[PDB]
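Number of protein chains: 6
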Amino acid sequence: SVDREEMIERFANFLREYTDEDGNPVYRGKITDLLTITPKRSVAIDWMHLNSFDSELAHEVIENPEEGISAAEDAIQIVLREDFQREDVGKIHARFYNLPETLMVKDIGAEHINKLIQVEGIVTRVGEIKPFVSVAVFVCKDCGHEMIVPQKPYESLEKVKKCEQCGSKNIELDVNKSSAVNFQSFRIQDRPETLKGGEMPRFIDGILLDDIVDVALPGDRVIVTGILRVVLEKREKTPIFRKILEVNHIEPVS
Amino acid sequence: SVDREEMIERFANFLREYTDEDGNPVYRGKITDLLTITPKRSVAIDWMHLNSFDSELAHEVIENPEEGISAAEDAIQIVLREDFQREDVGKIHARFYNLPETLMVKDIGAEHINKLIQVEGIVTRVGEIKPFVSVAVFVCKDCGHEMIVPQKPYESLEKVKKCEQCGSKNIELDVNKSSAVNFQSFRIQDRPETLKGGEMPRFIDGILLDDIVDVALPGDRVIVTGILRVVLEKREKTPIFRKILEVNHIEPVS
Amino acid sequence: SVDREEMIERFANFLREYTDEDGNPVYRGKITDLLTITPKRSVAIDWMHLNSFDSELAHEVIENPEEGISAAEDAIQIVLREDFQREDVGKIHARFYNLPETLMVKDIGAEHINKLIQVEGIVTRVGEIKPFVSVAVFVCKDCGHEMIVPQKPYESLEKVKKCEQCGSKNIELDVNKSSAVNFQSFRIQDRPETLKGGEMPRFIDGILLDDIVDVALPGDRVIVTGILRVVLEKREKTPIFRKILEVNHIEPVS
Amino acid sequence: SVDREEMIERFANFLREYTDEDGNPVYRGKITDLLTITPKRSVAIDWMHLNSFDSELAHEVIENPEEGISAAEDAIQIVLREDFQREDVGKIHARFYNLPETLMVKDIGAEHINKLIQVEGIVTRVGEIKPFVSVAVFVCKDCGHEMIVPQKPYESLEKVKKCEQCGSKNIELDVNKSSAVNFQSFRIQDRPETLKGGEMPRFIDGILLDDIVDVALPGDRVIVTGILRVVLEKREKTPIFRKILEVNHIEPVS
Amino acid sequence: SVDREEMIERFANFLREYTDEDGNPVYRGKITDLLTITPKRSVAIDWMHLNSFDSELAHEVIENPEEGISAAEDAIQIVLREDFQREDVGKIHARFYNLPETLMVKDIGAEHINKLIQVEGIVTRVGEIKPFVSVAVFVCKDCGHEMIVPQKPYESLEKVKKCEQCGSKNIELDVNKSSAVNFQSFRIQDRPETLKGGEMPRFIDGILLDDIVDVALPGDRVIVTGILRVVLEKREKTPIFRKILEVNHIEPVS
Amino acid sequence: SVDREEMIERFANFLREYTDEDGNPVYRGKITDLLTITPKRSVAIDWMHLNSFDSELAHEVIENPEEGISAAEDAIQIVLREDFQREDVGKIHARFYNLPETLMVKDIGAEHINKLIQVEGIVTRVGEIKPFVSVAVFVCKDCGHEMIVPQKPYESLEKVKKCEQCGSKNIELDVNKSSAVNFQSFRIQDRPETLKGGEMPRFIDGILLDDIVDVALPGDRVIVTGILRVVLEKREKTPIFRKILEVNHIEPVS
Ligand SMILES: [Zn+2]
Ligand SMILES: [Zn+2]
Ligand SMILES: [Zn+2]
Ligand SMILES: [Zn+2]
Ligand SMILES: [Zn+2]
Ligand SMILES: [Zn+2]
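Protein chains in written order, with the deposited numbering: chain C, 0 to 253; chain D, 0 to 253; chain H, 0 to 253; chain C', 0 to 253; chain D', 0 to 253; chain H', 0 to 253. A prime marks a further copy of an entry chain.
Just chain C, with the same shape it has in the complex:
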C-alpha cells in the first residue's frame, strides 16, 4: 500500500495538477470555489479522474478508503493553506464517486468489508435527522482535565473510565465541548424488476452524515458509494455480521 504522508502529497498534487479532456483544472476550480461567500462543505472527486492521473492511488482509495479519504481531505486542507492562504476553512469532505464497478445490493459480499463499494438501489426508508456526537469531549470533575474521543457512527459510544491525568474515576461527557453533526439512517434494496420472479429482494442500511443528510426520500433511485462496515448483530444468538453502509457519496440515477 501507500503510507499516509505520501498519499497526502500525491493527492495534493492531483488536486492542483489534474486537468480534463479540455484542459480544465477541475479540482483547482472546485477548491477555488471554496473561497466563495457561501461555500460547499465537500469536494466530489470523480474516481475515474484520479485513476487516470495516479492509478496506484485510486486503487488505494478502494482498498483503504478510511486512510484514502482522510489523506484526500488533509490534502484539500493544505492546498487551501498553501495556495489560497485560508486556514479557518473547517472540515471539507472528500467524496469519491463513479467507481469502476456498480454492485446490486445482493452482490455485497463480505469480501467488501472495509472497502469502498458502489451500490445502486431504491431507497426503502429514511430515518429522522438526529445529531451524532462525532467528537465526544470528556471532562474530569476533579482536575478539570479534558479528553477528546472521536466516535464512529456505526459503533457504540467509546467512553473513558478514568482521567488520563489524575487517574480519577469522576469524569462525564461535556455536552457543550463535544462536537455534533447531522446523521440520518436510510435503507436501499434492489428493485424487483432487477431480480427473478418471486425472488426476495435484499437490502442494506446506510448512514448519511453532515451535508449529505436529507438528500434522498423513499422511492428514490440512488447510486451510493461508501465503506461497507460490519458490526456484530445483537439481535442474533450466534455471531452474525450486520452490514452498514457508511456513505461517502450519494446521487440519484438518470
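No lab work stands behind these hints: they were computed from the structure.
Backbone N, C-alpha and C fix where the C-beta goes; we use that ideal spot for every residue, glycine too.
None of the hints are false.
Sample of chain H' residues at the chain H side, in silico, Cβ under 10 Å: (1) 0; (2) 110; (3) 113; (4) 201; (5) 231; (6) 237; (7) 239.
As a list, the in silico DSBU-like pairs of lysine-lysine whose alpha-carbon atoms are at most 30 Å apart: (8) 195(C) with 195(C'); (9) 160(H) with 29(D); (10) 242(H') with 151(H); (11) 90(H) with 29(H); (12) 161(C') with 140(D'); (13) 151(H') with 105(H); (14) 236(H') with 242(H).
Place chains D, H, C', D' and H' with the ligands on chain C using the hints.
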C-alpha cells in the same frame, strides 16, 4: 466407535475406490470435477453407497456426525492433494444424503440429539441471508497477538476475556481477519395431509450455511439431513430444549 | 475460403516475407524475441500488416478465428523449427490486433458469434487468477492406455467415461501428462460517458489465458480482440445462451 | 367441421378400435371397467391417442369442445348398449387430457373463447361445494305440465315465463323434479417463479362439476383442460368479459 | 373545423410527404416498417411534426381528437393499400404525442372535456388486464340476423332491444362474433414535490386499450396524452362529472 | 473446406451422376418433376445419397448449411438451364433430409449454431400464415436508382437510409420489384413420453417459408432439419440471444 485418524483413512479409501452397479467410480469423478474452472463447494455422498462399501463407517456418520463429516471433509482434502496435486482448493463440504430412515417432524425425539437425522417436511419460513462469523479472530491492542476462535451457528459468540500471550484484558474482534459465510434460517413442519384431522402440526427450525443457503422457498417440500442440536430455550422459565436442525444436505422431494 | 493446410503455408510466408515501410522483416524479428534469456510466449500480429500482404488470409482470420489463429500458431512453430533449429520452444500464441472495425459492447450482435471481433470498453471487474486444465490426459488404470481431451476455457472440464481401448471404467486424470495454464475472468462495458442520458451501459464477460492474465485492473480503458462465444447456461431451468469473449489480444486504449 | 351424427360414429369407432403401442385396447378396457360393481363416472381420453387415430376429429374436439365432448359421451353410451347390453348406466363424462399446447394463465387470450384450452397453474382458492341445478324442471300449477330446462354453470338461471301447453303464467321450479350435481369454484394463477421480477401474476376462475369436484386444494399445482367461457362482467360499467374456465379434466403436475 | 373526408386526405398527404430536419421521411418509414414480419399495431405521431406540416390539421386533432385520430387511422390504412398493396393489415392506431402544453393533474379543468390533453403525473394504481368488448355483435334467435354495435370503454354496454330486421325482442349478444381487446385502468396523480406543503394531491383515472396495456406500473412517472371524458358519477346524489382519461399515447418521462 | 464455386460443380455432378441401387438417376428424375403441369418448387435431397457419393460435400452442408444449400440451389438452376433448356423456372429449394444424427430439443447446444441440425419432436403450436418480404427492392424517387436488400425471416425488415447513387433520402419500397413468400411460425418440443418423471420438456421455435408452410398442425410428430439461428432479443433491456430454427426440410415421423 472409530477415532478420527482412522476415519479419514477409511473415507479417503471410500472416495477413491467406491464404484456403483455399473462400475462407475462416482466419487473419484465428483472430486475430479473439482478441478473444473468453476467447481462446486461440496461433494454430496449417498449414505447408501458408503454403507455398502464400509458399513461400520456409515453408521459412525449417523452416530457421530460431527466427527464423521469432518473426517470425510479431511479425506476429500487429502485426495485432492495426493491424487490431483491441488492444495489451494479451499473448503469442500461433505454432504450426506439418502439416510436409511425418514422422520416426520413430529418423530424428532431427543434420542436424536447430536445424531444425523433425515426429515421430510414443508418449508413454512425462510430467513434473510446474513453473514455468519464462522471463524472469529481476536486481536490484542497491546502485543498485537492473534487468537483464532471457531464458532457454531447455533451457539452464542465465544469471546476471549484476556490475551493468551500477554494476559491483557484489551482484546477486540478483528472484523477483517475473521471469516464469514452465508447463513439462512428456515422452518419446516409436517403437512396437515400427513396428520390426523384437527391435529396440530409440529415444526422445527434449521440453519443453512455457505452454498446451501437460499435453495428453498416457503411452500417447498424438502428432504433435509442434518445434525439435531438442542440449546436451552431462553423464552421459558424452566429448562426446555429448543431444537435446531443444523442442515448437512437438502433437496426437494419428487 | 482457405483450408488449414494452405493457411499454415500462407502464414509462414507472411511471417518470413513481410517487411515494413523500411524493409525490416518485422515478424522475423518478433519470432527471435522468443529466444531471449527470458522470452515472450506470444507474437502480436498487426492485422493491417497481414491484410496489406495477404488480404484473403487476413479476411479469413476474422471469419474463422479459431482455425486462423491455430494455423498461424502452426506457422510460427515451423519457422522456429526450420529457420532457427528450435522445436523445444512450446506453445507460442498468435495474437491479432488492430482489426478493421471496432465495436462498442452494445454493438455486439448474433452476426459476430464465432468470429474475431474488436471491442473498446472499460474494465468493470476482474477475477481471481486460477489454473485452467487446458489439455486433460486421461489414463486407464487397467490397460494403461492414454486419452487426450482438449478443453475450452468457457466450458466445464470434459472427461472420458470409459477407456477407448479396453472399455474399462477405471480411469483417472493424470495431472502430470495434462496441461494447465493461468485463467482470469474479467468484465468490460461501454463507458457511460460515450452513451446517451439514461442509457444503460452494456457489458460483456471475457476470458484471459496464459500470458495475458493480470494484464488489467478495474477502471482500465482497453481494446480487446477475441472470439465471441455463446455458451449454454448451466442453470437447467429452460436455460439460454450467454456470451463470453475469449480474448485473443488486449492492450490499453492509447 | 363435422356434424354430430358423424362424430358419434367416429368416436364410437375410436373407443372400440384404438390400441396403443403394445396393442392394448385402452378405451375398450376403460369401458369394460364401467361394468364393475363400483364404476367411475367418467372416461379420461388422451387427446394424443385420439389424434393419432382420427386426427380430423381430435382437432374438432378443440374447435368445438361442446359438440365434441357431447358426441364422445353419446358414443360411450352406445358402446355400453351395443357391446355390453347396459342401458341404465347413467351419465359418463368424456374428459380429454394431454392437449398439444399448455398455456400459462397469462397466455389465455380471447382467441380461445369457446375452445378447449389446457392451462398449467397453481390453485389460489377453492370454493365450498354446492349443488348446481344442472336441469331445472318447471311445473305449471294449473295444467300440471312439466317443462325441462337444462342449465349452464356459468350462466344465470334460465326460467320460463309461461306454460308451453296452457299459456299460463303460473309456473314454478319443482325442486324435486330438478336434477342437481356438485359444483365447486376455484382459481388458478401463474406462479411468480414463472414470471419476470415484479410482474403481477394473472389468474382465472374455473368451475368443477360432478365427480371432479373437491380434487384440488389451494397450493396445488394443476394442469386443467376446459372450455374457456366469457360472460359480461357486471362489476364494470363498460362491457368487459369475465373469463371462466369450465373444466373438462384436471390433474396435478409431476 | 375540417370534415372527415378532407382530414383523411390531409393526413395521408402528411404521412407520405413529411420529412424532418435531416430530410428523413419519418412516417413513410414508420409505415414501411408495418410490412416487417412482426409489425407494431400503432404509429406514434409527433404532434409538433404535424403542426409544422399542416398546422390547421394539428389543432383539429386537439379540438376534435375523436374525428382527428379516426381520420389519421383511416389515412394510414389507405397509405398501406395504395402505396404498399396491403389490405389485410388490421387496425393500426394513431397515437399522437408531444403536445404543446403539459398539464398537471390539478390543471385538468372541464374546458378540456372531449379534447386531447397531455398530462404528467405518477401512476398510483393499475388495474388487472381484462378483455373489453370493443365491438358487440348481437344475434336474433328467430331470423338469425346480425347487428354490429361498437362500444366505448367509458360508457356502459349499448344493447339492442329488438331485431332491426324482424322486430323480434329475442336477441342476445354473440360472445364469439363480438370483438374483444385488452383493457387496463390506471390512476395518475401529481407528486407532492410538485405541490405546496400540506396540499392534497389530485388524481384522475385512465383507460389503456389494446397494445398500450400493461406498459406502466405503480410508481412510474408518465406523460400521457388522451381524450378527457366525463361521465355522470353514480356515487353522488347530485350530478357530478367523473373524469376519465381515454389514453391515446403514454411514455415514461426522462 | 470447399469454396462455393467448386460446390456448385460438385452438386451439379451429384444431381446428374447419382444413381440408386437400381441405376436410376434419382435426382435427374426429381428435377424433371419440376416441369409437370403443376410442378414442385423443391428437390428433397437425401443426405445419405450425397454422403455415399461425395462425402466431403455432404459433411460440408452440415458445417456450412447456408452456402451448402445455396450452392445446391445454384446447381439445380444450371442443370435446368443446361440439361432441359429452362431458365424461367424460378427459385427451387434444395431441402436436405435424413441427416446422420438426430437431436432431441434438449440436446440442442451452442455447438449447433449456424449448422444443419435434425430435430425430432412434437408440434406445440403453429402460427398464422403471413407474407414475408424475402427480397426488398428500394427505389430512389429522385434519381431512379434501384437497391436490392435481401432479408432473413428471423430478423426485421432491413431498409436503406439513403440512395447509394445520389445520396438522397427520398426512397421508397417497390412492392412489385420486391419478392415475398409465405411465412409460418411453429413450435416443437420433446414428447413428455420420451422424458423422465418431472422433467420439463424443452421447446424450440421454427420458421417455415414458401412451399413448406401449412405442412403441420399441433400434435403432429415431425422430423425437421434446419439451420439453428440465434437472434438478439428485440426487448432492449440488457437483451439476450434466443434460438430460432430456420427449417430446411420437414416430414412427419414414420
Ligand atoms: Zn482529573
Ligand atoms: Zn497481548
Ligand atoms: Zn483400458
Ligand atoms: Zn299449464
Ligand atoms: Zn330477427
Ligand atoms: Zn438517388
